[PDB]
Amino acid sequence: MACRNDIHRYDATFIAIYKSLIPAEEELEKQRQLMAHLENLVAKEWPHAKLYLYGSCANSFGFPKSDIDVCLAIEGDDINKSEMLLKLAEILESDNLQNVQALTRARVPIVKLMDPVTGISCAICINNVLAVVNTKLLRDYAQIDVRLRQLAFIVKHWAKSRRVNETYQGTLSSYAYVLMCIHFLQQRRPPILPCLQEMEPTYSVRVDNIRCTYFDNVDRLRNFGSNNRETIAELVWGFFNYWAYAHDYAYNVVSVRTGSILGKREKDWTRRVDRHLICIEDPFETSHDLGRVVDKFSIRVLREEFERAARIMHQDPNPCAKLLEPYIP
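Would you give me the structure of the chain only, in the form deposited with the RNA bound?
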């Protein structure tokens, strides 16, 4: 199947959606205000702690009204994150922050809050420093070619509109969608993005026993994708066509780390151990399949939505608006 030959009639509609999702500078100032407020609070409780922003508010892919993610980093070998987060939830409530919720039995313990002063909502985790590093990797990829943020914005907005963007309900995180978008652009001919982890590296850090190494001098690559002249509507059609009809769900793994497709058997992801129904390898924690949140029920919904998206992109006379229509049972 070849891309529809009228595809460029729809580029402008997708650019307009992308531009509509860029956060307002006023919202970014409110993020900084809440971060400084939280830094002050934590400094009285744990003066030796340090706070780091990560996730959508720091990786270039944030939407308007996106929560800020904060990593509370603290040294020690006997750190009990649940006891810390329960103490922090009480400190947050006593400072008059709202909707403070501590989930200390989840896989990654977390406390959530909403600030009525800045209107910004926030989630805090303890010592998940790896997330700060993969945030930098995504931020560095985003500097290489504007089409990455454009495609990722359309895909993330689509996933929210079609209700397939919540790991608690068995669908995919925004971080997973951004990795899928990076991998798709790595595989274009010619490629729109390089494989930074395969290049001669300029950056390397170790967190826990995991070394994170890649070429991060991305200012040298600002025109890397210039040999590829594909437009945004072409890439949106191609992305959903891949996941709808080309991806081998039973056997294949998409790997931003290598810019290639790996085998499930080669990854030892052949059966649930951690389900492995739509395999997306984390670039640094390579034992982590980001699709493991998807189960034997939600995989059917995801694939059905991929097929709907691909067919809309190929055949609908107004594909941008139709693609993003909400699902109404």
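Numbering follows the first chain given and starts at 1. Between two forms, the rigid core is the largest collection of C-alphas that superpose within 1.5 Å. Only residues modelled in both forms are compared. Compared with the form solved without the RNA:
In a rigid core superposition between these two forms, 68 is the single residue of 68, 302, 293, 280 whose Cα is displaced by 2 Å or more.
In the core-superposed comparison between these two forms, the C-alpha atom of residue 95 has shifted by at least 2 angstroms.
In the core-superposed comparison between these two forms, residue 145 has its Cα shifted by less than 2 Å.
Fitting the two forms on the rigid core leaves the C-alpha of residue 260 displaced by under 2 angstroms between these two forms. Once both forms are overlaid on their core, the residue ranges between these two forms with Cα shifts reaching 2 Å in three or more consecutive positions are 25-53, 66-128.
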Contents of the next structure:
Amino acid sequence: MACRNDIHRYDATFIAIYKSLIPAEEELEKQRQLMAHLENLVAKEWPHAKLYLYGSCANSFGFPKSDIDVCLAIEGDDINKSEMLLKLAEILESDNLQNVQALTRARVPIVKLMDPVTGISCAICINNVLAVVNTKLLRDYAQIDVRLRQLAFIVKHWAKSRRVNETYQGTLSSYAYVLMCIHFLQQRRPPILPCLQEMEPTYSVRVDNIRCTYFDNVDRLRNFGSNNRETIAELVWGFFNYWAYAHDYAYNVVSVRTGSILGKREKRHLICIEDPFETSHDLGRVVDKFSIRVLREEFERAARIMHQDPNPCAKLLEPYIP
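Could I have the structure of this protein in the form solved without the RNA, to go alongside the form deposited with the RNA bound above?
Shown below: the chain alone.
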């Protein structure tokens, strides 16, 4: 079925929505100022350590928030994460940072602080390097074509407004939605995004028993999508059209790792979204036989709105009221 013939009248509204959703430059400047100070602070105690932002705050797909997540990466065979973080908390307190707290996430130790200069809060963990590498991959994809961050911010805001962005309710994580957006753009013809992991690699690190290898010199790919003329409203329409009507839920796996559709049957997997490095991890495994129906009804609602509604941008994002 074809796209509506007035689709481009809604391009500018989607761009306006996108621009309202991304972090303000003034907030990003504050985050970069705090990061430089924290990097210098940690280096005074552990000159061989490195600090990396990860998560929503650095993969180029995070909504505005006064919180950052940082991985302290350090090599060694006897890394005692608790002892390191206790020492770090003491150093942070000596530095006049505020509300320094020792926390845990599912037995993983975390130190949180509030910077009184910038007002930004920061949570630090030790050696969560796979999350850093996942973040790097997404940030690298985001450099290739502006339509990725535009689509992903719109999809993430749709999922928040429609209340289908909570894994505890059997719906999808923001990370899952970004992978879906990357794969949708890999699948366009002409393509908008390449498959970085299928290219001759320039980057390769091993995290535990996971090797992470791909072409990361993405500045050379800034014209990769230039043959594709699809605009943001066409891509929003096409994305929900794909998940509502075209995706084969019984048989297919979406794989950013290959840029392609893999088979499910030979390997809870009701909406199969392959993690690009931890390929045994299906990001949709949180979905169950009930929440898959809610997800697909919302996909269908979105596709019908994009296809027929006279104000699709506003109607698409109308909040779900329980």
